[PDB]
Amino acid sequence: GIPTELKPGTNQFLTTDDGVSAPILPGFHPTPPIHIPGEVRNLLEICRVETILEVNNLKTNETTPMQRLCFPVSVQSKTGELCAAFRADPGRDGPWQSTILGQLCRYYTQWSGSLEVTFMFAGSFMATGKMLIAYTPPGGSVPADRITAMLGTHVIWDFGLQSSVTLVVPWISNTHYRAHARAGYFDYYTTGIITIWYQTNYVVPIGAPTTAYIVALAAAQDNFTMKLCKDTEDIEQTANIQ
Amino acid sequence: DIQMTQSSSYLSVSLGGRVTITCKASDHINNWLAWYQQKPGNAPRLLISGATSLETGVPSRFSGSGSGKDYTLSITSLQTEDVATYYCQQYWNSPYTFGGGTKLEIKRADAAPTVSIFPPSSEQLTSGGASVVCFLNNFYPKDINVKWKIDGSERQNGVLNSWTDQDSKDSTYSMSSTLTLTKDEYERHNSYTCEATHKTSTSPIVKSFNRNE
Amino acid sequence: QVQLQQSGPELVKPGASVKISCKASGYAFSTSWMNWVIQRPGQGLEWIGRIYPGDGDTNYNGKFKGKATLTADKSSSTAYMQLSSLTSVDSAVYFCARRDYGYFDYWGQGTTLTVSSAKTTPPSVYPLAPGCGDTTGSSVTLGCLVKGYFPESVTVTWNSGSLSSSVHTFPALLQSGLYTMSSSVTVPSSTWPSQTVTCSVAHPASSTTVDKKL
Amino acid sequence: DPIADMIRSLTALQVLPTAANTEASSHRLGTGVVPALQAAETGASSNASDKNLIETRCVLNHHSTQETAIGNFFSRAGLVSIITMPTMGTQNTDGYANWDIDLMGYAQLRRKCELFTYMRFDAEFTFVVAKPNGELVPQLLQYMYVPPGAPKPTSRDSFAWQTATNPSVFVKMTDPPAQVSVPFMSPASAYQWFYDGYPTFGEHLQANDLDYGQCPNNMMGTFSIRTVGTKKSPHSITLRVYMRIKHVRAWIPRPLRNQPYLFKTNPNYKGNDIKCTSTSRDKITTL
Amino acid sequence: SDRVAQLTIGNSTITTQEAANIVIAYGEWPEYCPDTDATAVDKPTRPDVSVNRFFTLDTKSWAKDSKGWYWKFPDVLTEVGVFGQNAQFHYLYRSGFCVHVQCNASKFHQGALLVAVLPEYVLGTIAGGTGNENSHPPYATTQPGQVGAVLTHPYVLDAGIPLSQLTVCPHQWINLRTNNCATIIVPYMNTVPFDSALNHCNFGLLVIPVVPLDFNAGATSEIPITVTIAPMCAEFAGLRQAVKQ
Amino acid sequence: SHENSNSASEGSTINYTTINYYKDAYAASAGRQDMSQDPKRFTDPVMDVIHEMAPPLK
Ligand SMILES: CCCCCCCCCCCCC/C=C\[C@H](O)[C@H](N)CO
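Protein chains in written order, with PDB author numbering: chain C, 1 to 242; chain G, 1 to 213; chain F, 1 to 214; chain A, 2 to 8, 18 to 297; chain B, 10 to 254; chain D, 12 to 69.
Please keep in mind that the hints were generated in silico from the structure rather than gathered at the bench.
Treat the hints loosely; a few may be bogus.
Per label pair, the in silico range of CB-to-CB distance [what the hints assert, rightly or not]:
1. A:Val147 x C:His29: 40 to 48 Å
2. G:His189 x F:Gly148: 24 to 32 Å
3. D:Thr24 x A:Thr295: 51 to 59 Å
When the alpha-carbon atoms are kept at most 25 Å apart in a straight line, the in silico BS3-like pairs for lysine-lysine are as follows [what the hints assert, rightly or not]:
4. F:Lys13 x F:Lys119
5. G:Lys149 x F:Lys147
6. A:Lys122 x C:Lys230
7. C:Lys59 x B:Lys116
8. G:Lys39 x G:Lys107
9. G:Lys69 x G:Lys107
10. A:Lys122 x A:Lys242
11. A:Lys141 x A:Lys241
12. F:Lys119 x C:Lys78
13. C:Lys230 x A:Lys293
14. F:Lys147 x F:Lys119
15. G:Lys183 x G:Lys149
16. A:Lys280 x A:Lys162
17. F:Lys212 x G:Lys183
18. C:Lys78 x G:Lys199
19. C:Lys7 x A:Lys182
20. C:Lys59 x A:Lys241
21. C:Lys59 x A:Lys285
22. G:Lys147 x G:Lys69
23. F:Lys147 x F:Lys19
24. G:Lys24 x F:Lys63
25. D:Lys69 x B:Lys116
26. F:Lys147 x F:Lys13
27. B:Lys76 x C:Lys59
28. C:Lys227 x D:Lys51
29. F:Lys63 x F:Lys13
30. A:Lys293 x C:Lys130
31. A:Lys285 x A:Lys162
32. A:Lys162 x C:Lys59
33. G:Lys183 x F:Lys147
34. D:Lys51 x C:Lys130
35. B:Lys73 x G:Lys69
Quick reminder that beta carbons are idealized off the backbone N, C-alpha and C, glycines included.
Modelling step: build the complete structure from the supplied sequences, incorporating the hints.
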């Protein structure tokens, strides 16, 4: 018949090749589709949904795991005190593991874009406070003062009727994309820290409770992308699923 | 102005026991209470901060608690270097009010007073002033009242008592009661009698003296 | 190690003024409050005022506003308290404490201040010995009275420091503007008057160390 | 006319081949316009852009959003079964083996499919046979798709191997693996990986309580494997099947599982070893 | 201009002074089943004012250690009203719901709730506390009724999926300094156009306190939570005698 | 000379051009995927429109 020659790649099974296989049922016709709500077409639609960040990931909270979703604020005695600090890379081990952005970034290798963090205040109406939420590009470690942490991208938050503020994390990076940071040589993809400070104080009248809690939410912006699908290390099968 | 009451000012338990020092406030102080210990002579030392936390260096015999407006410092068990005055402090509002102070003492058996009156020397009222004294020695416990008795008559004021705190290894108390007097009214009367009445004892322990002896 | 070292004792006339120092060491001095606590003898402990040596502001108690005034010198790391219009109720011990988280974590040594117009008097040793009429019984205590001395106090010893198992040094209690103390020693009658006792006063202010035997 | 009373979406689809650009901005100092302050209680995510908070540049992004699609997230072949015919042993010593079609027994493909509630796709199965050694010997096999209600094989010499209507495929061991395409075969419009309900009526006891969660719409039959011959072959066969998702639609995204799996039919977790979603640290003020 | 609202369906109105906005779940309103999606051939019934009204369930009690509650739909209304009778006489069912959750407190209290709608909420079991025993949840747990049920481990929602990612589902918070209501309009979400009301539970309401309730010693400690629900565009098919279970 | 449209996506095909050599459309390739998004029914499913620069409620 036709003269042909076979090349390398014959009789291999690559698990990702997009081929045409032979059918098993000639004349089949599937069940007609109906309008099921909530259809999804990219995974970037789900990465833009705010989910709860676990800033309070302590070793003392692992027996009562519901406390990891909240950080307490209180009436202070010193002025300008550090409240919490956490890194801003979604694919690293830490507070970003509880988010749907973090759990879907670990299915990919590289990422690029801006992130937003929304802090909600769950205190009383008679409470009054101001906080400073800062973001520091890579360099040294966490600062010791807020006179050092004010030199970065910072947002002055005032409590009131609008009980949420949004801190954006800008895309400040050397490269166009950014692989996932670890403790080693892959730490030239670090994104920096996010610190919360007391701007003035947390002030309550008599009768109001002197400790309130803040829940943190995190999602992605519109210029967020992902690249190079991989397999997560968050799922681990040990023996067998009966 | 948050008045902070510490009752009572004296309490006494022996070694190896359990002390409980209470401190009650008037307004809500938000667990911002601190406990101090002051040995006689030196500066206060902070023991508890925030009514729960220990400072770095104090032992685990101290442990504080409290909820509401009443608070508690507990020493289990009491050693001999832990006998001092204990203060509570409120740092929630200004002025930072301290408590009254609960002195600790040692609990042991009772001892009767030994009253020993001494007459005036002859050479000292030659300057115009005499001074009569009523020493008593080595008794326990403290809250008594010694009465001065001249020919069946009540005479105060003019008197002064000077106690002492506990001695070292035997836990006993002493007192010196003297009074100055110009020497012309020294010859008003003749007797020298001091009644030192006690709490349980019905009759006082009395010695006497006279000039015409 | 952080330590606070105050000035020594003072003694001034009624109506004068003093300046108590309190030197801090081993600490960032301009970024922490420095307080002052008064202890009147011998029952209380009360706050006076605090100072932030960085900007220099001061917060006083209400019942010490016109009497005390506070400054601070950061070139020497030294606080100062100037008490003015000093009276007889201003005789107490003045402490210097620093504030860490609302509480006073480190304290000074404690300077003392007495306000009196009396000048240094030599003491008078008057014996208290039995006795023309009563000696009963086989054990009798004996002491010696000391009156008329300023400032407090004197160190009264017995038999060149050989008697310590029977001594009772009593604290002073001033009257008519001048101090007064006493002592006591118990002896059995088998050693009295075999042991003629030796009272020995020692007042280093007036340099008057007179003795007395019985 | 005599009786008077007898006589809507929110959003719009948009094609976006690239990530959005960032326009240039300057400083604003005003009153009445607070883009940072949001309201998280309304259920809406924060719509504050990066240009409404800092002083930005003009960046023309050419970053493509194609690899984040559902059709490229699921078009990777994952393992779904391991069918084993041992010569000695307990499982399938007599030359044939049956396996009920439940594609949810290996955890990596399960956690990806369970991001959504409903999915409607076409499949592609690949059959990789070898010995347990990894070696290959010349032996002819037969796989057969047995639909529900069809007779299942009971031996190597059953009548069910006539393959009069059932689809089957004859393969050696030394040739390339066998690929087949399977359509969407459910009697409903989509597969349910989560069915909150009982498939039948009836008074529910504790005895007939292992049917909570069992939808009959995902019951798809049996793969029947055999070594073709009345005699027995002196060879052990282990077969691994790999499924690849094609032509996929998906609805209703879900939270993603953080506990280890226990069973194929129900999401029972271990209660004394409830592991945490995030790795812990010592203090909240340190990194 | 946004805090006040009125919701009038049937002969029932709900007025609120300090509420947030209304969430339409997945951007779609409740519809009737069109002719291109209907597979049955009978004529479905439509009682539009007797079953499309607000129904108030049992009030709960919020404490400082409360774990959280859940309800199942339409299981909460298969014994209540004329909706419960049409759910007993008919084999098929299709409806959408309004869900309204109320909790009043003072300006001196604090707390936060998370009211979510999870479609196809299959529960799990602790597997005997060791993983070896294959337990299945009982019928009083899987279909609790008008009373609802409590969550045992709210961090994993009694199903092995976290609370931290519950907000991908349609949700509202109840922050006691901001609002006292939460309103979600849910469309009919199922694979088939009609399904049975006694066997299948479509979604599950889920009220979980993420930030605990705390007041001062002396204030009111009786702070209740109540749930009112309203079916929208409800239709039934397949008439027969009454089956209760 | 045409083909049986029996894939799992005809009226809602997420692709544009595929390859086929059989008469059954469920045998075809996956092809290039469409890049259509409607993210606002997960990020803001709120009844009245909330302007960003204005506050949502007051
Ligand atoms: C001759 C080769 C025959 C190959 C036949 C394979 C048919 C498999 C069809 C795929 C069905 C999709 C999986 C459906 C449901 C899930 O497994 C459920 N979780 C089971 O409960």
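Structure-based check of all given hints:
1. A:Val147 x C:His29: 40 to 48 Å: Taking Cβ atoms as reference, A:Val147 and C:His29 lie about 41 Å apart, which means the hint holds.
2. G:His189 x F:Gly148: 24 to 32 Å: Distance hint for G:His189, F:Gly148 holds at roughly 26 Å.
3. D:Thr24 x A:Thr295: 51 to 59 Å: holds, 53 Å
4. F:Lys13 x F:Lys119: holds, 10 Å
5. G:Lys149 x F:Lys147: Holds, at roughly 24 Å.
6. A:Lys122 x C:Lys230: At roughly 12 Å apart (the allowed maximum being 25 Å), C:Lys230 and A:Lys122 satisfy the hint.
7. C:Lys59 x B:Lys116: The hint is violated at about 34 Å.
8. G:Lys39 x G:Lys107: holds, 19 Å
9. G:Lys69 x G:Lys107: At roughly 30 Å apart (the allowed maximum being 25 Å), G:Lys107 and G:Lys69 break the hint.
10. A:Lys122 x A:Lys242: Measuring from Cα to Cα gives roughly 40 Å; hence the hint is violated.
11. A:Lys141 x A:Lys241: holds, 19 Å
12. F:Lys119 x C:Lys78: violated, 48 Å
13. C:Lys230 x A:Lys293: Roughly 32 Å separates the two Cα atoms, so the pair is violated.
14. F:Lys147 x F:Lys119: holds, 15 Å
15. G:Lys183 x G:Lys149: holds, 18 Å
16. A:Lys280 x A:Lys162: Given that 25 Å is the threshold and the Cα spacing comes to 36 Å, the pair is violated.
17. F:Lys212 x G:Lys183: Within the cut-off at roughly 23 Å; holds.
18. C:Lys78 x G:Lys199: violated, 53 Å
19. C:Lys7 x A:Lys182: holds, 23 Å
20. C:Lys59 x A:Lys241: Violated. C:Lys59 to A:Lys241 sits at ~63 Å, over the 25 Å cutoff.
21. C:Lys59 x A:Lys285: With Cα atoms ~12 Å apart, C:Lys59 and A:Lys285 stay inside 25 Å; holds.
22. G:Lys147 x G:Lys69: violated, 42 Å
23. F:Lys147 x F:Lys19: violated, 32 Å
24. G:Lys24 x F:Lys63: holds, 23 Å
25. D:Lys69 x B:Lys116: holds, 17 Å
26. F:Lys147 x F:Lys13: Holds, at about 22 Å.
27. B:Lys76 x C:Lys59: Judged against 25 Å, a Cα distance of about 22 Å means the pair holds.
28. C:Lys227 x D:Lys51: holds, 23 Å
29. F:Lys63 x F:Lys13: Status holds; Cα separation ~22 Å.
30. A:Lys293 x C:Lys130: Measuring from Cα to Cα gives roughly 23 Å; hence the hint holds.
31. A:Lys285 x A:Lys162: violated, 42 Å
32. A:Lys162 x C:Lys59: Violated: A:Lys162 and C:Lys59 sit about 55 Å apart, past 25 Å.
33. G:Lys183 x F:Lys147: The given pair, whose Cα atoms are some 16 Å apart, holds under the 25 Å limit.
34. D:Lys51 x C:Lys130: Outside the cut-off at roughly 32 Å; violated.
35. B:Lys73 x G:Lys69: Holds, at roughly 22 Å.
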